[PDB]
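Some chains have been omitted; the remaining ones sit where they do in the full complex.
To keep things simple, chains are lettered A, B and C as they appear, and every chain counts its residues starting from 1.
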Amino acid sequence: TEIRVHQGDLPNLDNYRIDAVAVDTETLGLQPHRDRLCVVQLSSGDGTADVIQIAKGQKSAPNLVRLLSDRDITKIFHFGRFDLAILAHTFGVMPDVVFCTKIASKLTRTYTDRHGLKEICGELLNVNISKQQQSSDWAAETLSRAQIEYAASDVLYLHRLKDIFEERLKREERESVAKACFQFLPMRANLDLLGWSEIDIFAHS
Amino acid sequence: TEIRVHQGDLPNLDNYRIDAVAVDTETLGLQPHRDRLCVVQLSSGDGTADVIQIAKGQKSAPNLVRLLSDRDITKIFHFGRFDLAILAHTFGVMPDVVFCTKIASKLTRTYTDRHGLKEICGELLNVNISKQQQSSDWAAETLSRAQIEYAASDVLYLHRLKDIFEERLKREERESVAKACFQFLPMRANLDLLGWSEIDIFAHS
Amino acid sequence: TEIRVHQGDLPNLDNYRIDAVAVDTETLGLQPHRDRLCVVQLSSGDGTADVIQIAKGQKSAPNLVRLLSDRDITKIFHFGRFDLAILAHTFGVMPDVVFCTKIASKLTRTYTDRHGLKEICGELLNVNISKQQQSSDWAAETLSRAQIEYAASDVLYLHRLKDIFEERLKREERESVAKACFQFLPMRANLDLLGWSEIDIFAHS
């Protein structure tokens, strides 16, 4: 495949005049207040991807942020609860038009309890993802070729998943539930950033 | 302490030309598919309450349902996740303008882990609720005086709580978070009715 | 509260020409292979009770056992799963016409999770039990007056509960469920005696 590697930001949005963009991030860990954003991966849904290295202390990425702020472009995530949190904490913009394949899976793949990306890709596309050591030093000044190819592999197939999940949501008549969940998802991410990350806010206890 | 007891529905809405109504329900249990709605309690925020007995198999309550559907009137609940579910299952109308004191408590009373109505009322109003008859035969043809007075006691003070919680949400700058949670709450209740009551839909696992 | 205390067997069945008898036992513990049956309590529902002391190693009690075996008389228990097991283990006769107030409670009092006899008597009858002498040497040669009054107190109210539970089962349209559960209960007790006392035989795991 084609993986374009950039420093700081996209040079322009010439490749992203599209209706939906696949988005994924890579960080130093699960705690946005401690673990900085290190890499952002994007795809137009074609056979190529862009991998943008974010520098320590970087506060702005205008072209990327333009994509994240544009309400006419749906941002596709897998477990967007996390990516939205870390992106908003880093760049100050919370996306508000999103689609999450994990929520969609929990709303459609009711016949399994395994909702990870590897399992979804295996069932829906017969594509074998080798998630061998996503645990690596993403803060390295120069990423290895294996790192870049693994990082890119996480976004090349989210569009196809979105198409299938939209078919499943239509088939089982769950469109309005999914729409409301996606509408609330950015506020779930905000609640995480504000300090309620360990609390199911709707639970009795 | 005026408590008006009705069969089936309010006779009219003459007492409910108001901006916010306190609402609470009493059922045979926690499972809306098994445990029917038995009592609905309402208050205008004054010193009186209305207690409406719902008959087995009753499908319609036009004055009550009119109130529940009126988007210009905020419905106040404590743990509305449950009440919304059982009301929508029974009358076919899901309220969409709501305020929940338990979510508000979880967003404001961050210094305690006890968010039940008794504890909230004790701290905020110095009012002692004697929560004893939560387990009684709510399907009895004639409710006892003790049942009616206890049941009414659960709605007389939700307005005062709403006022205080709005003050607290303004003070800690969490108004937009609360507004988004309350906007999503009816769909959380719908998810409960559809079969995800044991699933935190936003959790990783 | 006439309480008749007997050694060994009933003198006759003159007081038990009735359609239903309340039955309850006392042993040295929950494991029938280790903990012997010490006392059998009976009531006809007339406000009096018979308390029959069973001697160590006693294998037969023909009048009592004939009563327990008579299929025209429903035996009322609280948690008959245990009593049926210990009675069959001791006397060699497995009752097959039973009513269990704990199963009935689990099928009707769906608004609570407390199904003990004290709580049931409190809710349904306003009666107050005093379960204190449950930890006593029931194998003592001479039972104390306090032991006798407690033992009788455990059977004096089961008829009134059965009447109320039958009303509730009719009201909630669960009569055939209860009938099938009670029909299966003696085999559940047999399964306990055979060695499956810790296994829910119908569970997936």
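Just so it is clear, contacts are C-beta pairs under 8 Å (C-beta built on N, C-alpha and C of every residue); 3 or more make two chains touch, one makes a residue touch a chain.
Trainee: In total, how many copies belong to the whole complex of which 3 are placed?
Mentor: 8
Rule of thumb we're sticking to: only the chains that are shown with their structure count from here on.
Trainee: Which one of the chains is closest to the middle, using the mean of its C-alpha atoms?
Mentor: Taking the mean of C-alpha atoms per chain, the most central one is B.
Trainee: Would you mind pulling out the distance in Å between where the CA atoms of chain A average out and where those of chain C do?
Mentor: About 61 Å, centre to centre.
Trainee: So how far apart, in whole Å, are chain A and chain B when each is placed at the average of its C-alpha atoms?
Mentor: One centre to the other, that is 37 Å.
Trainee: Going by the contact rule at the top, pick out the chain C residues touching chain B in the complex.
Mentor: It is residues 109-112, 114, 123, 171 of chain C that touch chain B.
Trainee: In the complex, go through chain A and note every residue touching chain B.
Mentor: Contact set of chain A toward chain B: 79, 81, 102-103, 106-107, 176-177, 180-181, 183-185, 187-188, 190-191, 194, 196, 199-204.
Trainee: In the complex of these two chains, what residues of chain B are touching chain C?
Mentor: 27-29, 31, 34-35, 134-136, 138-139
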